[PDB]
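Here the complex is missing a single protein chain, while all its other protein chains stay put.
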Amino acid sequence: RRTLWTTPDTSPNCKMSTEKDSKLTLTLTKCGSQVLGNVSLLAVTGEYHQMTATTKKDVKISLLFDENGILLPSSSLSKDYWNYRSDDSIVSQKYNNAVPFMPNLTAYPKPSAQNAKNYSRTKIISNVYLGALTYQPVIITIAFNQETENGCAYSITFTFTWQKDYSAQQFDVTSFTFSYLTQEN
Amino acid sequence: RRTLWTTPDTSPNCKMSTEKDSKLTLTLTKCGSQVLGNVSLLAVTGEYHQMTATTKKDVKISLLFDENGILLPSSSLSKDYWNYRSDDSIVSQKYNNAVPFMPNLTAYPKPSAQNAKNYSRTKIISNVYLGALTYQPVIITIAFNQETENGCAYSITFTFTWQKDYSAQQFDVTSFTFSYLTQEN
Partner (left out) sequence: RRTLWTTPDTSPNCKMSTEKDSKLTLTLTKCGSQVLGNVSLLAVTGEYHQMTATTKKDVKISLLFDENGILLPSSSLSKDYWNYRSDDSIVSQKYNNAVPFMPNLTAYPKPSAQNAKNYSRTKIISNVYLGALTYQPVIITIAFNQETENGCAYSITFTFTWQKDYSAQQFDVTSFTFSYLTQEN
(Lines give C-alpha, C1' and ligand atoms only; values in the text may rest on other atoms or scores of the structure.)
Protein backbone atom coordinates (compact mmCIF):
# COMPACT_ATOMS: atom_id res chain seq x y z
CA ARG A 1 0.00 0.00 0.00
CA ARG A 2 1.10 3.69 0.38
CA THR A 3 2.20 4.03 4.09
CA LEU A 4 5.38 2.93 5.87
CA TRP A 5 5.18 3.40 9.60
CA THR A 6 6.20 2.40 13.12
CA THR A 7 2.51 1.92 14.08
CA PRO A 8 0.91 4.43 16.45
CA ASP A 9 1.29 2.36 19.68
CA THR A 10 3.76 3.15 22.56
CA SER A 11 5.87 -0.11 22.47
CA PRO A 12 9.57 0.99 22.52
CA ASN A 13 11.28 0.67 19.13
CA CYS A 14 14.26 3.06 19.13
CA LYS A 15 17.60 4.06 20.74
CA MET A 16 18.20 7.56 22.17
CA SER A 17 20.80 6.42 24.77
CA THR A 18 20.36 2.61 24.98
CA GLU A 19 18.48 -0.09 22.85
CA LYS A 20 14.66 0.29 22.85
CA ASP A 21 14.69 3.12 25.45
CA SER A 22 12.29 5.21 23.32
CA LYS A 23 9.27 5.18 20.95
CA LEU A 24 9.79 6.85 17.58
CA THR A 25 6.39 7.49 16.02
CA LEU A 26 7.04 7.87 12.27
CA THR A 27 4.61 7.70 9.37
CA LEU A 28 5.63 8.11 5.72
CA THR A 29 2.71 8.41 3.27
CA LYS A 30 3.44 8.31 -0.45
CA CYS A 31 1.82 11.24 -2.35
CA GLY A 32 3.26 10.76 -5.89
CA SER A 33 6.59 12.64 -6.23
CA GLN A 34 6.61 13.42 -2.45
CA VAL A 35 6.33 11.61 0.86
CA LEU A 36 4.23 13.31 3.56
CA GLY A 37 5.98 12.56 6.84
CA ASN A 38 4.91 12.86 10.47
CA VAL A 39 7.34 12.25 13.35
CA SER A 40 7.53 12.38 17.16
CA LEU A 41 9.83 10.84 19.81
CA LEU A 42 9.24 9.76 23.42
CA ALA A 43 11.82 8.45 25.95
CA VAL A 44 10.29 5.51 27.86
CA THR A 45 13.38 4.46 29.95
CA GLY A 46 17.03 5.50 30.55
CA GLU A 47 18.71 8.90 30.76
CA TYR A 48 16.25 10.74 28.46
CA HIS A 49 13.23 9.52 30.55
CA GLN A 50 14.48 11.70 33.49
CA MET A 51 17.09 14.13 32.17
CA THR A 52 19.88 15.63 34.29
CA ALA A 53 21.89 18.89 33.96
CA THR A 54 24.65 16.87 32.10
CA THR A 55 22.39 14.85 29.69
CA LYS A 56 23.65 15.66 26.14
CA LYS A 57 21.22 18.13 24.51
CA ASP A 58 21.71 16.47 21.07
CA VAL A 59 20.03 13.19 19.98
CA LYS A 60 20.38 11.75 16.48
CA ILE A 61 17.90 9.07 15.33
CA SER A 62 19.31 7.42 12.19
CA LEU A 63 17.24 5.42 9.65
CA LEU A 64 19.69 3.87 7.16
CA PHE A 65 18.30 2.04 4.11
CA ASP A 66 19.70 -0.34 1.55
CA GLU A 67 19.24 -0.10 -2.26
CA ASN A 68 15.74 -1.72 -1.89
CA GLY A 69 14.62 0.94 0.63
CA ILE A 70 14.80 -1.63 3.48
CA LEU A 71 16.00 -0.52 6.92
CA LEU A 72 19.51 -1.64 7.92
CA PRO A 73 19.87 -3.28 11.34
CA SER A 74 22.51 -0.68 12.42
CA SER A 75 19.68 1.96 12.36
CA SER A 76 18.50 3.54 15.64
CA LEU A 77 14.98 2.20 14.87
CA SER A 78 14.35 -1.57 15.33
CA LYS A 79 13.57 -3.44 12.01
CA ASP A 80 10.83 -5.50 13.75
CA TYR A 81 8.87 -2.25 14.41
CA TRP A 82 8.91 -0.79 10.84
CA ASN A 83 6.91 -1.84 7.78
CA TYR A 84 4.00 -1.18 5.44
CA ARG A 85 0.72 -0.42 7.29
CA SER A 86 -2.21 -2.89 7.70
CA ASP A 87 -5.10 -1.71 10.01
CA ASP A 88 -3.27 -0.11 13.06
CA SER A 89 -0.39 -2.67 12.68
CA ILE A 90 2.26 -3.67 10.03
CA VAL A 91 2.26 -6.43 7.30
CA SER A 92 3.63 -9.96 8.16
CA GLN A 93 6.32 -10.23 5.35
CA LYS A 94 9.46 -8.35 6.59
CA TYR A 95 11.43 -7.51 3.38
CA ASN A 96 9.19 -5.40 1.07
CA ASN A 97 10.89 -3.04 -1.50
CA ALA A 98 10.31 0.61 -0.53
CA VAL A 99 12.36 2.55 -3.15
CA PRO A 100 9.33 4.84 -3.89
CA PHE A 101 9.56 6.07 -0.23
CA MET A 102 13.30 6.81 -0.41
CA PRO A 103 14.60 10.38 -0.59
CA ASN A 104 15.56 11.41 -4.14
CA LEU A 105 19.35 11.10 -4.69
CA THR A 106 19.44 14.01 -7.20
CA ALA A 107 17.61 16.38 -4.82
CA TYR A 108 19.51 14.99 -1.82
CA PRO A 109 22.89 13.64 -2.98
CA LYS A 110 25.23 11.72 -0.71
CA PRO A 111 28.13 13.88 0.57
CA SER A 112 31.48 14.22 -1.34
CA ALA A 113 34.19 14.68 1.36
CA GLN A 114 36.07 17.56 -0.46
CA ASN A 115 33.44 20.41 -0.38
CA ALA A 116 32.51 19.02 3.12
CA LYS A 117 29.43 21.30 2.71
CA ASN A 118 26.37 19.90 0.83
CA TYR A 119 23.22 21.62 -0.42
CA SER A 120 21.15 23.09 2.46
CA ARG A 121 18.00 21.68 0.79
CA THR A 122 19.07 18.24 2.15
CA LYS A 123 17.82 19.42 5.57
CA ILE A 124 14.64 20.68 7.20
CA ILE A 125 15.12 22.69 10.42
CA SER A 126 12.30 23.81 12.73
CA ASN A 127 11.19 23.52 16.37
CA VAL A 128 9.06 21.02 18.24
CA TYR A 129 8.11 21.44 21.91
CA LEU A 130 9.11 19.33 24.89
CA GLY A 131 6.12 18.20 26.94
CA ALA A 132 3.95 20.12 24.45
CA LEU A 133 4.87 23.25 26.46
CA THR A 134 5.18 26.38 24.34
CA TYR A 135 8.23 27.69 26.30
CA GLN A 136 10.28 24.50 25.73
CA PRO A 137 11.60 24.47 22.16
CA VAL A 138 13.65 21.58 20.80
CA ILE A 139 15.25 22.10 17.40
CA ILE A 140 14.41 19.32 14.93
CA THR A 141 16.80 18.77 12.02
CA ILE A 142 15.71 16.25 9.38
CA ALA A 143 18.44 15.25 6.94
CA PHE A 144 18.11 13.23 3.72
CA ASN A 145 20.85 10.92 2.38
CA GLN A 146 23.63 12.59 4.46
CA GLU A 147 24.81 9.37 6.23
CA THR A 148 27.52 7.05 4.89
CA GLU A 149 27.29 4.55 7.91
CA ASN A 150 27.41 0.83 6.86
CA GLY A 151 27.17 1.23 3.02
CA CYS A 152 23.66 2.75 3.16
CA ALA A 153 22.00 3.69 -0.18
CA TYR A 154 19.62 6.20 1.50
CA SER A 155 19.14 7.73 4.93
CA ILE A 156 16.68 9.82 6.93
CA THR A 157 17.94 11.20 10.23
CA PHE A 158 16.07 13.14 12.92
CA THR A 159 18.28 15.23 15.21
CA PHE A 160 16.87 16.93 18.29
CA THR A 161 19.07 19.64 19.79
CA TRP A 162 18.30 22.13 22.54
CA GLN A 163 19.86 24.72 24.84
CA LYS A 164 17.39 25.16 27.76
CA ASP A 165 17.78 23.07 30.92
CA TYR A 166 15.08 20.33 30.79
CA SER A 167 16.54 18.43 33.79
CA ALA A 168 13.99 16.32 35.75
CA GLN A 169 11.74 16.08 32.65
CA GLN A 170 10.95 13.19 30.33
CA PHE A 171 11.96 13.72 26.72
CA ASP A 172 8.70 13.83 24.74
CA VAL A 173 7.99 16.19 21.84
CA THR A 174 5.10 17.44 19.75
CA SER A 175 4.49 16.01 16.29
CA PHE A 176 6.18 17.46 13.21
CA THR A 177 4.89 17.37 9.62
CA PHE A 178 7.31 17.46 6.66
CA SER A 179 7.71 16.29 3.07
CA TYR A 180 10.50 15.29 0.73
CA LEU A 181 11.06 14.37 -2.91
CA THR A 182 11.14 10.61 -3.61
CA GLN A 183 13.45 8.46 -5.71
CA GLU A 184 10.51 6.99 -7.68
CA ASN A 185 6.77 7.47 -8.59
CA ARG B 1 -14.89 12.54 -2.04
CA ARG B 2 -11.57 13.19 -0.17
CA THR B 3 -11.93 16.78 1.29
CA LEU B 4 -13.85 18.07 4.32
CA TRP B 5 -13.83 21.83 4.55
CA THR B 6 -15.46 25.08 5.63
CA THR B 7 -15.33 26.38 2.01
CA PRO B 8 -12.88 29.17 1.18
CA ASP B 9 -15.38 32.10 1.40
CA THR B 10 -15.47 34.76 4.22
CA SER B 11 -19.04 34.08 5.60
CA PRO B 12 -18.70 33.84 9.43
CA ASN B 13 -18.90 30.26 10.74
CA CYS B 14 -17.16 30.20 14.13
CA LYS B 15 -17.04 31.53 17.74
CA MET B 16 -13.94 33.25 19.17
CA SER B 17 -15.89 35.41 21.70
CA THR B 18 -19.54 35.25 20.49
CA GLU B 19 -21.53 33.07 17.92
CA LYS B 20 -20.41 33.53 14.27
CA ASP B 21 -18.00 36.40 15.11
CA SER B 22 -15.22 34.79 13.02
CA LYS B 23 -14.36 32.78 9.87
CA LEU B 24 -12.41 29.57 10.44
CA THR B 25 -10.92 28.48 7.11
CA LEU B 26 -10.19 24.74 7.50
CA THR B 27 -9.51 22.13 4.85
CA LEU B 28 -8.84 18.45 5.62
CA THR B 29 -7.66 16.39 2.62
CA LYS B 30 -7.42 12.62 3.00
CA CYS B 31 -4.02 11.25 1.86
CA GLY B 32 -4.31 7.54 2.86
CA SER B 33 -3.08 7.03 6.46
CA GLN B 34 -2.81 10.85 6.97
CA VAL B 35 -4.95 13.96 6.61
CA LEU B 36 -3.23 17.04 5.15
CA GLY B 37 -4.73 20.01 6.98
CA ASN B 38 -4.70 23.74 6.31
CA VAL B 39 -6.13 26.25 8.80
CA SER B 40 -6.54 30.01 9.33
CA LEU B 41 -8.82 32.20 11.49
CA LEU B 42 -10.23 35.72 11.00
CA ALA B 43 -12.32 37.79 13.47
CA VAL B 44 -15.13 39.53 11.52
CA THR B 45 -17.02 41.14 14.51
CA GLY B 46 -16.80 41.45 18.33
CA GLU B 47 -13.84 41.83 20.69
CA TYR B 48 -11.28 40.04 18.47
CA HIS B 49 -12.15 42.30 15.46
CA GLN B 50 -10.66 45.30 17.38
CA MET B 51 -8.63 43.98 20.31
CA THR B 52 -7.99 45.93 23.52
CA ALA B 53 -5.17 45.73 26.13
CA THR B 54 -7.43 43.37 28.24
CA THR B 55 -8.64 41.02 25.41
CA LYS B 56 -7.64 37.46 26.50
CA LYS B 57 -4.56 36.38 24.50
CA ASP B 58 -5.82 32.76 24.34
CA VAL B 59 -8.54 31.51 21.93
CA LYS B 60 -9.56 27.85 21.67
CA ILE B 61 -11.53 26.69 18.60
CA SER B 62 -13.01 23.26 19.36
CA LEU B 63 -14.22 20.76 16.72
CA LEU B 64 -15.89 17.87 18.57
CA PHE B 65 -17.00 14.81 16.57
CA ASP B 66 -19.26 11.86 17.22
CA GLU B 67 -18.44 8.17 16.50
CA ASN B 68 -19.39 8.76 12.78
CA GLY B 69 -16.90 11.66 12.46
CA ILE B 70 -19.81 14.17 12.35
CA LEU B 71 -19.41 17.55 14.04
CA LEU B 72 -21.31 18.03 17.32
CA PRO B 73 -23.42 21.20 17.63
CA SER B 74 -21.54 22.26 20.83
CA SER B 75 -18.42 22.80 18.62
CA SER B 76 -17.07 26.34 18.07
CA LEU B 77 -17.59 25.82 14.29
CA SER B 78 -21.19 25.93 12.95
CA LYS B 79 -22.43 22.54 11.51
CA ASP B 80 -24.12 24.34 8.56
CA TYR B 81 -20.66 25.56 7.38
CA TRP B 82 -18.79 22.19 7.42
CA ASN B 83 -19.03 19.27 4.99
CA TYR B 84 -17.52 17.34 2.08
CA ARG B 85 -16.38 19.62 -0.80
CA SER B 86 -18.26 20.08 -4.13
CA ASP B 87 -16.85 22.81 -6.50
CA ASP B 88 -16.04 25.80 -4.13
CA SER B 89 -19.05 24.82 -1.88
CA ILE B 90 -20.19 21.80 0.26
CA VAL B 91 -22.52 18.81 -0.54
CA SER B 92 -26.33 19.12 0.15
CA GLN B 93 -26.76 16.02 2.46
CA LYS B 94 -25.70 17.10 6.02
CA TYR B 95 -24.86 13.80 7.84
CA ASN B 96 -22.07 12.00 5.89
CA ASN B 97 -19.78 9.53 7.81
CA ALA B 98 -16.24 10.95 8.09
CA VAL B 99 -14.42 8.35 10.27
CA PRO B 100 -11.50 8.20 7.72
CA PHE B 101 -10.82 11.92 8.52
CA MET B 102 -10.81 11.41 12.30
CA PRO B 103 -7.57 11.48 14.29
CA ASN B 104 -6.30 7.97 15.13
CA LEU B 105 -7.26 6.98 18.71
CA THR B 106 -4.13 4.80 19.18
CA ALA B 107 -1.78 7.62 18.10
CA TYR B 108 -3.88 10.22 19.92
CA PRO B 109 -5.71 8.56 22.83
CA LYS B 110 -8.32 10.33 24.92
CA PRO B 111 -6.95 11.51 28.29
CA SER B 112 -7.03 9.29 31.47
CA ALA B 113 -7.46 11.71 34.44
CA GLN B 114 -4.79 10.01 36.71
CA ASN B 115 -1.52 10.70 34.74
CA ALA B 116 -3.14 14.11 33.85
CA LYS B 117 -0.27 14.29 31.29
CA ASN B 118 -0.79 12.61 27.85
CA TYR B 119 1.66 11.92 25.02
CA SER B 120 3.12 15.15 23.56
CA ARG B 121 2.58 13.70 20.05
CA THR B 122 -1.15 14.55 20.50
CA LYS B 123 -0.20 18.19 19.82
CA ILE B 124 1.44 20.29 17.12
CA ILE B 125 2.88 23.64 18.28
CA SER B 126 4.22 26.35 15.97
CA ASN B 127 3.69 30.04 15.14
CA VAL B 128 1.43 31.85 12.71
CA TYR B 129 1.55 35.63 12.18
CA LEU B 130 -1.08 38.23 12.98
CA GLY B 131 -1.86 40.46 10.01
CA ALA B 132 0.75 38.45 8.08
CA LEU B 133 3.36 40.68 9.79
CA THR B 134 6.61 38.88 10.56
CA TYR B 135 7.04 40.63 13.97
CA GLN B 136 3.61 39.49 15.26
CA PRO B 137 3.78 35.82 16.24
CA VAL B 138 0.75 33.94 17.51
CA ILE B 139 1.39 30.45 18.89
CA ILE B 140 -0.84 27.81 17.28
CA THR B 141 -1.46 24.61 19.25
CA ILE B 142 -3.36 21.84 17.44
CA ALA B 143 -4.55 19.02 19.69
CA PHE B 144 -6.04 15.66 18.67
CA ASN B 145 -8.64 13.78 20.74
CA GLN B 146 -7.83 15.71 23.98
CA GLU B 147 -11.42 16.98 24.62
CA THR B 148 -14.03 15.10 26.66
CA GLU B 149 -16.80 17.84 26.18
CA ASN B 150 -20.31 16.38 25.44
CA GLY B 151 -19.38 12.66 24.96
CA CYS B 152 -17.23 13.36 21.86
CA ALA B 153 -15.57 10.34 20.15
CA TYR B 154 -12.88 12.53 18.50
CA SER B 155 -11.74 16.15 18.64
CA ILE B 156 -9.48 18.62 16.85
CA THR B 157 -8.81 21.89 18.64
CA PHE B 158 -6.91 24.97 17.45
CA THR B 159 -5.61 27.20 20.24
CA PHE B 160 -4.08 30.60 19.47
CA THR B 161 -2.06 32.13 22.31
CA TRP B 162 0.15 35.20 22.31
CA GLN B 163 2.07 37.58 24.57
CA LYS B 164 2.61 40.78 22.50
CA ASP B 165 0.09 43.64 22.73
CA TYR B 166 -2.03 43.50 19.51
CA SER B 167 -4.55 46.10 20.80
CA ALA B 168 -6.36 48.09 18.05
CA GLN B 169 -5.75 45.26 15.54
CA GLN B 170 -8.11 42.74 13.97
CA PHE B 171 -7.33 39.11 14.75
CA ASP B 172 -6.33 37.53 11.43
CA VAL B 173 -3.52 35.00 10.97
CA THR B 174 -1.47 33.39 8.24
CA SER B 175 -2.30 29.88 7.05
CA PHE B 176 -0.82 26.81 8.73
CA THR B 177 -0.19 23.39 7.15
CA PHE B 178 -0.19 20.22 9.27
CA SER B 179 -0.95 16.49 9.11
CA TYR B 180 -2.17 13.76 11.42
CA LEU B 181 -2.70 10.01 11.46
CA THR B 182 -6.28 8.90 10.71
CA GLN B 183 -8.55 6.34 12.33
CA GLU B 184 -9.15 4.55 8.99
CA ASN B 185 -7.84 4.13 5.37
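Think of it as A and B in the order they're written, each chain with its own count starting at 1.
In this section, contacts are C-beta pairs under 8 Å (C-beta built on N, C-alpha and C of every residue); 3 or more make two chains touch, one makes a residue touch a chain.
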Residue, one of A:10, A:17, A:34 or A:170, that touches the chain absent here: A:34
Sole contact to the chain not displayed, among B:31, B:99 or B:105: B:31
Absent-chain contact - pick from A:54, A:92, A:93 or A:106: A:106
Where the missing chain touches chain B, by residue: 1-3, 5, 7-10, 25, 27, 29-31, 36, 38, 40, 42, 85, 88, 126-132, 134, 172-177
Chain A residues touching the omitted chain (full complex): 31-34, 36, 104, 106-108, 119-126, 139, 141, 161, 177-181, 185
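The rule is simple: only the chains that are shown with their structure count from here on.
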Gap in Å, rounded to a whole number, between the CA centres of chain B and chain A: 27
